[PDB]
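One-letter residues, chain by chain:
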Amino acid sequence: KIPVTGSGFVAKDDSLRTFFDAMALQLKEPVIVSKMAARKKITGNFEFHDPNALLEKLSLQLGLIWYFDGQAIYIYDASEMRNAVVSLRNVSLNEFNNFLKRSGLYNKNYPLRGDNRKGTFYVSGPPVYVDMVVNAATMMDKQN
Amino acid sequence: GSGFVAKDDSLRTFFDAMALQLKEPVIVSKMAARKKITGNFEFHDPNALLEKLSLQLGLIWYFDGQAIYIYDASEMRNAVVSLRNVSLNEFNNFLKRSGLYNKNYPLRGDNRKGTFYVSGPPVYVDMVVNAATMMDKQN
Amino acid sequence: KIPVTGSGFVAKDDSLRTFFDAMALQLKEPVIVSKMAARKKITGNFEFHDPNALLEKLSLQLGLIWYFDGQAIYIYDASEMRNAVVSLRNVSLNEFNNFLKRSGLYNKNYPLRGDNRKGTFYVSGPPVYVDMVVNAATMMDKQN
Amino acid sequence: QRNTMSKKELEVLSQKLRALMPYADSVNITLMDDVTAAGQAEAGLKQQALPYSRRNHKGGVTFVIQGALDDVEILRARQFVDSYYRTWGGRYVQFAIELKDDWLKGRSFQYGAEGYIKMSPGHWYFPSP
Amino acid sequence: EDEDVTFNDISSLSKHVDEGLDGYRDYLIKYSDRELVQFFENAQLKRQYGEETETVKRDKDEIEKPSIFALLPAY
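Chains as they are written, first to last, in the authors' numbering: chain G, 27 to 170; chain F, 32 to 170; chain D, 27 to 170; chain d, 263 to 391; chain 4, 76 to 150.
Treat the hints loosely; a few may be bogus.
Facing chain F, from chain d, some residues (calculated, C-beta under 7 Å) [what the hints assert, rightly or not]:
| no. | residue |
| --- | --- |
| 1 | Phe325 |
| 2 | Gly384 |
| 3 | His385 |
| 4 | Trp386 |
| 5 | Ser390 |
Think of the hints as simulated: they come from the structure by calculation, not from any bench.
C-beta: ideal position from N, C-alpha, C; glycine also.
Could you build all of it, start to finish, from the sequences and the hints given here?
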């Protein structure tokens with residue numbers, strides 16, 4: 027009773043929450059979509075065979091930002107991007123980028139802007155990335 | 032080739048359609064989201080199309096390396112801030128080494144002093160003031 | 027669809043914000059018109075070929091004050107001009123005028139009125155010019 | 263300037279056209295310039311002060327009369343077209359009178375190189391020419 | 076309840092309460108009458124400056140927002 031024998035997801039007016047969980051098995055992590063980015067809708071015949079490029083193309087065509095932290099894929103809309111400026115007292119930026127490289131939380135799409143061996147820099151991105159980098163850079167100065 | 036046939040869009044669904052040729056997401060404020068546009072647009076040189084439409088409609092924009100912020104012209108704010116123990120030529124080399132240097136809205140002031148005058152978009156002013164008062168506290 | 031041979035702007039009951047934004051391409055800077063100066067209207071056939079000379083003449087026929095600070099052009103009406111008088115305990119007026127001339131905010135239509143070697147002067151002009159001159163004057167005595 | 267028949271080939275055309283009209287005695291064939299046929303149509307179209315556009319191509323020309331014409335301009339256009347069609351016929355040059363409505367009645371617009379029409383204080387229209 | 080309510084400039088801090096109040100204000104715009112709202116700005120301006128202020132028409136609606144104290148009577 028089911029149609030043509032290819033592979034794909036047919037979307038008849040879904041609402042971006044029931045759509046990305048269908049991609050949540052080809053991506054091997056669960057997907058968490060925010061409330062402001064769950065009001066848009068999509069309709070069409072889609073086909074997932076490599077989803078990390080499909081999410082990159084749809085995040086630019088629909089207008090979205092996303093972050094994969096190793097255990098889930100958070101998805102926000104572009105009007106939720108926050109930024110902050112934080113100054114480090116007792117540790118440098120390269121000794122903080124080695125913590126991000128060794129921990130696997132480093133993201134090349136939203137890097138850290140600042141002088142290479144100083145205390146002040148500039149972050150911007152999704153709120154789960156900014157709330158992680160601010161608190162993980164403040165809690166290292168109270169160690170040192 | 033490509034393009035976009037706009038029919039009574041609202042400047043938030045338009046600059047998102049431009050956000051594929053531009054390789055960054057675009058965050059247009061909600062005071063610049065009430066103006067509307069229509070017409071057949073062709074995207075073959077987008078960084079100059081955004082520069083032309085910002086002057087014909089009256090808009091200000093800024094690209095910090097991760098996204099493109101877009102405000103309306105009546106939201107531009109300005110400030111004057113004093114550095115107690117750091118020169119302007121050193122802070123401007125910090126901005127040149129970071130990547131936040133915008134030649135459209137530079138820093139007006141004397142070359143070896145502590146006072147200058149800055150003006151532009153609210154995400155650029157509130158970054159320069161906070162990164163200047165966080166460089167007087169370190170010294 | 028728009029048959030006229032030459033180049034120019036035709037305004038039918040324009041309300042001084044849509045009129046100056048059309049001049050904001052011949053002028054290469056964005057124009058910011060105030061709230062009280064946007065209730066006046068203008069209609070007629072205009073053309074722009076040296077708008078820095080056209081803006082001075084229309085700011086006297088309509089009654090306006092304008093200021094260009096290197097990034098934008100601010101336009102207020104005539105009844106919003108404000109005045110100030112400030113005292114400098116340890117720098118001169120000729121020292122402050124070298125800061126304004128060297129930086130690039132010195133305006134020869136609204137000069138600074140005061141004695142050449144004192145601490146007191148008298149400044150008057152547009153509301154974005156006065157609150158900058160006062161704020162830099164009270165931010166150089168506390169620095170020195 | 264469009265046919266290359268000889269003298270004999272024009273005489274056999276006259277003798278095969280005389281057989282078609284039994285009342286006539288002899289058909290006289292004259293050759294006219296192709297340039298003055300489209301020159302008198304433009305010299306008469308400029309004298310009446312009508313907006314027009316000429317599209318030259320091979321094997322005939324065409325004139326397009328567009329715009330929101332008023333009442334006396336569509337009386338002079340018919341008085342000129344029906345007096346030109348009697349003289350020359352519609353095999354070479356053809357007029358195309360189409361009238362539309364004006365968008366820019368109460369609107370403010372910028373003309374010239376980068377033209378646009380502000381349909382409203384918060385609405386821009388960018389036409390593609 | 077945002078921890079960054081406090082700004083560093085006097086006009087941006089007054090801008091913040093406007094963009095906080097905009098979600099209530101456009102609700103007043105959607106459900107109030109057109110001309111009854113339009114009557115109060117003309118009635119308040121001639122009190123404000125005098126009779127010489129020229130009247131505003133319907134065509135403001137595309138760009139300009141009224142005050143919060145001229146809405147809720149006509150609402």
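Hint by hint, work out which the structure violates, then give me just those numbers in ascending order. Those not satisfied come down to hint 1.
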